[PDB]
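Take a look at this single chain, the form solved without adenosine-5'-diphosphate, given in structure tokens.
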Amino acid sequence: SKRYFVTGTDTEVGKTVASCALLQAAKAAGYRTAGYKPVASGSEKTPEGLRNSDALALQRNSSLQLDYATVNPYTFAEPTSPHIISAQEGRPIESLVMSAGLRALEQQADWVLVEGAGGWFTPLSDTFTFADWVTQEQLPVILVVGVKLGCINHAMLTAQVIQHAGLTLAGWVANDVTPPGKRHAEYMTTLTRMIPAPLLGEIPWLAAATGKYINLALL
């Protein structure tokens, strides 16, 4: 299986929008696809337990029919850092459970997209971060950049930290989080120049069928 990890420059950059566009283009290329979000916080109660909306989006954009707990093993109600609510609730987030879940998807999908929570360094416990599990798994990383003032700094910080860990930065996606602004073209040129990985495509400001904005031939 092809496997990619998706991270973002900050918490509200539309990372799941880019993950659904990636899943839609891979489906169009003929892959049997699966979205995986191992850890999620900020969830609603239903008759079946807590459900996170980003994980629901990954589940409905996967080409395989998948059960929710296969897509998202760890679900917390409160929208805070996973290591705070994990400790509060008394439910440890285990690296072995996160990796088993990935293997179970590779039994049926040949293109798997793994979406983290937050940015690169989100803590999962007091001694373990999301970056430690991605490094452990040796996943190639796709960086989603929300295009706004301040994003050059955040895209460069994330790119250098991933490369320092010896991981491949597979590419980046530009998400237009605001309407067209004055320096949009100069920001896109600077970001293309500075991020050492191919620009996979740009998704326009939308306040759903977005696969056409991704060029999968660059991954």
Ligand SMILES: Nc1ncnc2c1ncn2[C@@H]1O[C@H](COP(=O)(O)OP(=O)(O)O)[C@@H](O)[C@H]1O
The other form holds:
Number of protein chains: 2
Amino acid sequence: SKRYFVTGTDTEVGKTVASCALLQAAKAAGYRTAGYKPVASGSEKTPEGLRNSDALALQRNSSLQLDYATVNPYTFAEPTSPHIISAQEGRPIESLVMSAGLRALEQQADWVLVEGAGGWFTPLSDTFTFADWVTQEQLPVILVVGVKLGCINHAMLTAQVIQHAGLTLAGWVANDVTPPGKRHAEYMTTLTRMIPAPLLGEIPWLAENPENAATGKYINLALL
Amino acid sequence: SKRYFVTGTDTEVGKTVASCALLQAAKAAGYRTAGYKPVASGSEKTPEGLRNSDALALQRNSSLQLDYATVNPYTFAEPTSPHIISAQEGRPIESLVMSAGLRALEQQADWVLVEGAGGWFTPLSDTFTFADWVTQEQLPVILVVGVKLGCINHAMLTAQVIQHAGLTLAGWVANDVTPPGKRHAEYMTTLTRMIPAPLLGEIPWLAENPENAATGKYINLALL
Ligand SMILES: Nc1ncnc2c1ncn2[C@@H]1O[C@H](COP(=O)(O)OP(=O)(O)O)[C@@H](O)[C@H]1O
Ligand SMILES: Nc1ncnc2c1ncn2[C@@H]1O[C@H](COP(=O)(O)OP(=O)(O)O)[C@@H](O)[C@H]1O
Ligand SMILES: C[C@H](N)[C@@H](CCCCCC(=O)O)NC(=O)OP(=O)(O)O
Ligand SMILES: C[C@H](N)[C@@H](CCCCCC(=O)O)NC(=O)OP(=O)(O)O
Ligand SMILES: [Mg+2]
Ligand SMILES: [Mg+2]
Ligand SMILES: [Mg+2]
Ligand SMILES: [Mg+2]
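Any chance you could show the form solved in complex with adenosine-5'-diphosphate after that form solved without adenosine-5'-diphosphate?
Complete assembly follows, chain above in first position.
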């Protein structure tokens, strides 16, 4: 079955909004979809335990009815690097557990989207990064580019490191994090030339709750 | 003579403040210093022509009295990617001109600091990036890390790409862009472990005009 890892040019650039758009497009195409956020930091207390908003968005945008822990096995309250809060709470983040969770979703879904945390090299322990896990799993990567000053450099750095790891950069998504600026079209043209993967679509600036907006229409899944 | 290229984890992270600190430390060590900002975008009109604030800071922090054009040969008014404003104004950015300017500073200085624009891969034309020029010149690179969420990934991406190019990562500078946060010490420890170059110093959060603050004391030039 189809599996994709979604990374971003940084944290706070649109990975989650773009991931919901991708999931909606896959559902429209007839797939049995599932979103997976194996590691999440920055979560709120509920009667059932900690709940992360990215994980909730991926759960709500899956075509299948999935239990929260299946979408997000590792949940930390504080919004910092996973390795830091993991060490402080004495809750190791294990590659094998993250992989087992992906296999469990593949039991019922034929199209799985995995959202990373932060950018490409976010640490999970003092000797293991998210990039190490993606490399182990050999997942094709989708790059979410938050369109803003400095995004060209971040997109190029990320694309180069992914290719060096021997991984496939399956495509990129342009996310309009702010209202239209002066050099928007020139930035889009530059990003299109420089990123060695197909532009899958552009998500417009949607001020109010973009995670629940009908955004699947902005993704062309036939390019993926 | 000694020459260093200063890059950053992004634009707006402290390259200019850190570069002034480096220049001040070099002057205290007895060097005849010069700052060079070959390409600058985001400049103000004056009777003499456009003047960029980064270039002015580097000029003021040089031990030698340098003419503005020697510090910054290419000045563009609009604060966008250099390649975009260069193409619109029909003023090509030439590698040979940038290199000639560095040689001209080496006529009088024995310690030259070159500040880049934006991050590592900022484009200068549709076929040439700042990274291409640094590679041509074979300059040792100093990485300025703005300490904030997402800086670990950006520092690691930048360090990996520099090393891939066959260049030397001479050191890194921690810049406290905001007041102290909860995980400051853990972030510093992680950055120190992961960046394969000596930490040259840490510049504290200095709200008022940090470019003219006496910051040379925060750099240990014997580690460079
Ligand atoms: N296209 C969009 N239009 C407007 N707001 C957006 C859009 N994309 C993201 N946002 C907002 O920006 C912030 C970061 O987006 P998110 O998808 O959570 O990024 P990341 O997952 O990389 O952290 C969120 O508050 C989100 O609601
Ligand atoms: N250590 C510092 N403390 C407080 N303000 C800082 C500090 N470093 C940079 N700044 C401010 O942050 C902004 C970006 O810093 P600058 O050195 O110009 O970054 P870059 O050169 O990477 O664009 C500027 O307004 C600068 O005055
Ligand atoms: C707190 C932030 N939201 C994030 C982790 C950010 C890690 C930054 C690691 C670094 O400095 O590079 N946790 C999260 O679950 O993922 P994204 O929000 O980036 O999607
Ligand atoms: C406008 C900004 N200040 C800067 C260029 C930013 C280019 C961003 C190219 C990209 O998107 O990666 N011009 C400048 O002269 O250098 P720094 O301010 O980053 O020092
Ligand atoms: Mg986020
Ligand atoms: Mg997210
Ligand atoms: Mg700047
Ligand atoms: Mg600067």
